[PDB]
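What follows is each chain in one-letter form.
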Amino acid sequence: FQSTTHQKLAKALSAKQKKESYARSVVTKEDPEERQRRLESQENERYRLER
Amino acid sequence: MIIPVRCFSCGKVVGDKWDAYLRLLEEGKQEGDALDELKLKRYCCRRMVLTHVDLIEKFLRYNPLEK
Amino acid sequence: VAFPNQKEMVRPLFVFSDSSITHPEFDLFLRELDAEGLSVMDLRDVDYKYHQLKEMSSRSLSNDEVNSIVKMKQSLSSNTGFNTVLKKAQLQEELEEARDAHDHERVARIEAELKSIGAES
Amino acid sequence: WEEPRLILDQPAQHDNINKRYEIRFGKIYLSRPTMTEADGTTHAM
Amino acid sequence: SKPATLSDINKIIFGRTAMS
Amino acid sequence: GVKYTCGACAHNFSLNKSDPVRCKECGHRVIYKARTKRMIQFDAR
Amino acid sequence: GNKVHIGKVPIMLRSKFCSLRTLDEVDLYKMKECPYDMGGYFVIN
Ligand SMILES: [Zn+2]
Ligand SMILES: [Zn+2]
Numbered sequence: 001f002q003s004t005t006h007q008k009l010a011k012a013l014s015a016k017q018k019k020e021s022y023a024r025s026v027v028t029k030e031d032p033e034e035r036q037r038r039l040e041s042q043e044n045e046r047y048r049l050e051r
Numbered sequence: 001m002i003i004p005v006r007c008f009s010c011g012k013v014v015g016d017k018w019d020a021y022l023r024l025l026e027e028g029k030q031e032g033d034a035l036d037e038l039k040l041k042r043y044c045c046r047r048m049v050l051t052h053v054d055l056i057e058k059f060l061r062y063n064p065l066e067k
Numbered sequence: 001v002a003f004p005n006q007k008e009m010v011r012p013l014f015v016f017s018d019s020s021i022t023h024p025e026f027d028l029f030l031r032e033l034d035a036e037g038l039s040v041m042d043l044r045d046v047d048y049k050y051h052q053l054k055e056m057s058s059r060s061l062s063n064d065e066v067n068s069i070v071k072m073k074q075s076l077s078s079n080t081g082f083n084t085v086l087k088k089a090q091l092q093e094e095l096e097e098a099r100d101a102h103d104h105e106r107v108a109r110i111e112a113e114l115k116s117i118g119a120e121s
Numbered sequence: 001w002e003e004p005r006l007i008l009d010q011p012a013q014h015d016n017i018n019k020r021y022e023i024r025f026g027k028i029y030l031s032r033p034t035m036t037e038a039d040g041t042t043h044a045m
Numbered sequence: 001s002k003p004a005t006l007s008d009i010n011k012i013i014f015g016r017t018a019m020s
Numbered sequence: 001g002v003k004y005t006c007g008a009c010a011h012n013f014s015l016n017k018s019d020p021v022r023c024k025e026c027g028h029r030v031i032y033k034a035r036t037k038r039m040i041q042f043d044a045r
Numbered sequence: 001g002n003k004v005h006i007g008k009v010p011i012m013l014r015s016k017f018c019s020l021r022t023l024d025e026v027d028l029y030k031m032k033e034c035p036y037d038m039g040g041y042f043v044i045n
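Line order of the protein sequences matches chains A, B, C, D, E, F and G. What the first sequence shows, in our numbering, is residues 1 to 51, in sequence order. What the second sequence shows, in our numbering, is residues 1 to 67, in sequence order. What the third sequence shows, in our numbering, is residues 1 to 121, in sequence order. What the fourth sequence shows, in our numbering, is residues 1 to 45, in sequence order. What the fifth sequence shows, in our numbering, is residues 1 to 20, in sequence order. What the sixth sequence shows, in our numbering, is residues 1 to 45, in sequence order. What the seventh sequence shows, in our numbering, is residues 1 to 45, in sequence order.
Okay, chain A solo, but in the shape it has when bound:
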């Protein structure tokens, strides 16, 4: 156990599984559905123009 190689391996494997954070936070400043409704409006406008 007192060998430096074993201690470094144990430290590396213990701290390797400690770091786990995939999702990244963000701040919403408006209503999320705004993109959906604005693109539906644009699509309806271009549908009318195409028709």
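Treat the hints with caution; some may be incorrect.
Heads up, simulated DSS-like pairs for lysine-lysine below, C-alpha to C-alpha not over 30 angstroms straight-line [claimed, not checked]:
#	chain 1	residue 1	chain 2	residue 2
1	G	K8	A	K19
2	B	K67	F	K37
3	C	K88	B	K58
4	G	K3	C	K49
5	C	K73	G	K16
6	A	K29	G	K30
7	B	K58	B	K29
8	G	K8	B	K58
9	F	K33	F	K3
10	D	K19	G	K3
11	D	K27	A	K18
12	G	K30	C	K71
13	B	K12	B	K39
Beta-carbon label-pair distances, calculated as ranges [unchecked claim]:
#	chain 1	residue 1	chain 2	residue 2	range
14	E	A18	C	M72	17 to 23 angstroms
15	D	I23	A	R48	56 to 62 angstroms
16	A	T5	G	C18	39 to 45 angstroms
17	F	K33	C	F3	44 to 50 angstroms
18	G	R14	C	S75	31 to 37 angstroms
19	D	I23	G	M38	21 to 27 angstroms
20	D	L6	C	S78	30 to 36 angstroms
21	E	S7	A	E33	31 to 37 angstroms
Here are a few chain G residues that sit away from chain B, every Cβ distance over 10 angstroms (derived from the structure) [said to hold, decoys possible]:
#	residue
22	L23
23	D24
24	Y29
25	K30
26	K32
27	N45
For the record, the hints were derived by calculation from the structure and aren't laboratory data. Note that the Cβ used here is the ideal one computed from N, Cα and C, for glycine as well.
Let chain A serve as the given structure and place chains B, C, D, E, F and G with the ligands on it in line with the hints.
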């Protein structure tokens, strides 16, 4: 919630001794000795002061609803 | 506002008194108007002002107008406990966004701002 | 990331052009809860 | 075009509370 | 005609059954009715 | 190709993603939350 005015069992007025009880406990007296100093002899009256929980102090920490 | 005899003055709202205007006060105002050479407001204009005040007092505000008034008073708001808690929560959300983005410069400024705002009693 | 790739293919012949259309899923972003009012404004909930 | 009387001015009194 | 009270800043105002249900000054969406004026009596028992 | 909103996930109270995680004892009182409340539940409707 707040200290009862009368003892439930016999009706002795215990509602005027809460602050004195807290003072005596502050000075370092034991709870039994403090109850003895307040002249609460019957254990029915001692139960009223010994087991009271002061919940109004928690209720007062919320901001008032009318100003 | 402006006195007739005197000059123009900028005054805050609380200087005005809720008490009604007395007879010598209105008489002195009329004498100042005559000294300056001005007239009194017409009765038709008086009725127009009265209708304007009644319409404004009985008006129903819209959502956008209410939000504009709230934003204006928030700009005027020096401090309010609910608003301070909301601002601190929003700053904490911005801080976690900056931390998750590995931005070491913004997070220091947000921490300093939180330290300045915080330390409650 | 279990199924990160949707794939659509179309061997168009209408000059053979084999077209593959595919979309990839990337990162997940989360926020603090928010409330959206009828008038359109938003605020922390 | 008639001059305004005292009661006409009293009808349009707008108090400090009303101002607030 | 009817008095209210804001749920956040405890401000008093009135509504005429046509305004949006909101606080005038801080814009909270939660308001409470004021206590009545009728006489209130208890039997102290 | 950017962030697309895929839905809203209910948040468990007093968790890492709840607004009450940070609030200290005083702001918890200002938010009308009981300090004895422990969380571990969701608020649906
Ligand atoms: Zn007793
Ligand atoms: Zn308010």
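Taking the hints in turn, this is what the structure says about them:
1. G:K8 with A:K19: 26 angstroms, holds
2. B:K67 with F:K37: 17 angstroms, holds
3. C:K88 with B:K58: 24 angstroms, holds
4. G:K3 with C:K49: Violated, at about 55 angstroms.
5. C:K73 with G:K16: 33 angstroms, violated
6. A:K29 with G:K30: It holds: about 24 angstroms lies between the C-alpha atoms, which stays within 30 angstroms.
7. B:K58 with B:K29: Holds, at roughly 26 angstroms.
8. G:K8 with B:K58: 35 angstroms, violated
9. F:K33 with F:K3: Holds - the C-alpha atoms of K3 (chain F) and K33 (chain F) are around 6 angstroms apart, at most 30 angstroms.
10. D:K19 with G:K3: 26 angstroms, holds
11. D:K27 with A:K18: This hinted pair holds, its Cα atoms lying about 21 angstroms apart.
12. G:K30 with C:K71: 22 angstroms, holds
13. B:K12 with B:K39: The given pair, whose Cα atoms are some 11 angstroms apart, holds under the 30 angstroms limit.
14. E:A18 with C:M72: 17 to 23 angstroms: Cβ of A18 (chain E) to Cβ of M72 (chain C): about 19 angstroms, so the range 17 to 23 angstroms holds.
15. D:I23 with A:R48: 56 to 62 angstroms: 28 angstroms, violated
16. A:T5 with G:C18: 39 to 45 angstroms: Once the Cβ atoms are compared, 44 angstroms apart, the range 39 to 45 angstroms for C18 (chain G) and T5 (chain A) holds.
17. F:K33 with C:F3: 44 to 50 angstroms: Holds, since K33 (chain F) and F3 (chain C) (Cβ atoms, about 46 angstroms apart) stay within the stated range.
18. G:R14 with C:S75: 31 to 37 angstroms: Given about 34 angstroms between the Cβ atoms, the range holds.
19. D:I23 with G:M38: 21 to 27 angstroms: 42 angstroms, violated
20. D:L6 with C:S78: 30 to 36 angstroms: Given about 54 angstroms between the Cβ atoms, the range is violated.
21. E:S7 with A:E33: 31 to 37 angstroms: 57 angstroms, violated
22. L23: 14 angstroms, holds
23. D24: 13 angstroms, holds
24. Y29: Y29 (chain G) is in fact no farther than 10 angstroms from some Cβ atom of chain B, at 5 angstroms.
25. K30: Nearest chain B Cβ is 7 angstroms from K30 (chain G), so the label is violated.
26. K32: Violated, since 7 angstroms does not exceed 10 angstroms.
27. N45: It holds; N45 (chain G) is separated from chain B by about 25 angstroms at its closest Cβ, greater than 10 angstroms.
The earlier numbered hints that this structure contradicts are 4, 5, 8, 15, 19, 20, 21, 24, 25 and 26.
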